[PDB]
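Supplied in structure tokens, the structure appears directly below.
Every protein chain except one is present and positioned as in the full complex.
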Amino acid sequence: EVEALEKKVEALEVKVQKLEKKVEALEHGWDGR
Amino acid sequence: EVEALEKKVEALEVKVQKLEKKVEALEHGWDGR
Partner (left out) sequence: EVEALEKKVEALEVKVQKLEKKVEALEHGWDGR
């Protein structure tokens, strides 16, 4: 259980990082995004 | 503890999925969003 939860949490961290990059690009208009 | 953490993680997964949909809609201009 705990090992599997470590994996889910790591995957969520990756998903959140990608969302943060995409949102910062929208907010700042980077490269015309 | 572990059971309660499973619930928090599942709820986060749902929140992240909704964020991903909203961000993809903004990035692509779907339906004028």
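Here the chain labels run A and B in written order, and each chain numbers its own residues starting at 1.
The criterion applied here is as follows: contacts are C-beta pairs under 8 Å (C-beta built on N, C-alpha and C of every residue); 3 or more make two chains touch, one makes a residue touch a chain.
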Where chain B meets the chain that is not shown, the residues are 1-2, 5, 8-9, 12, 15-16, 19, 22-23, 26, 33
Interface residues of chain A toward the undisplayed chain are 2, 5-6, 9, 12-13, 16, 19-20, 23, 26-27
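Rule of thumb we're sticking to: only the chains that are shown with their structure count from here on.
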Dist(centroid_CA(chain A), centroid_CA(chain B)) in Å evaluates to 10
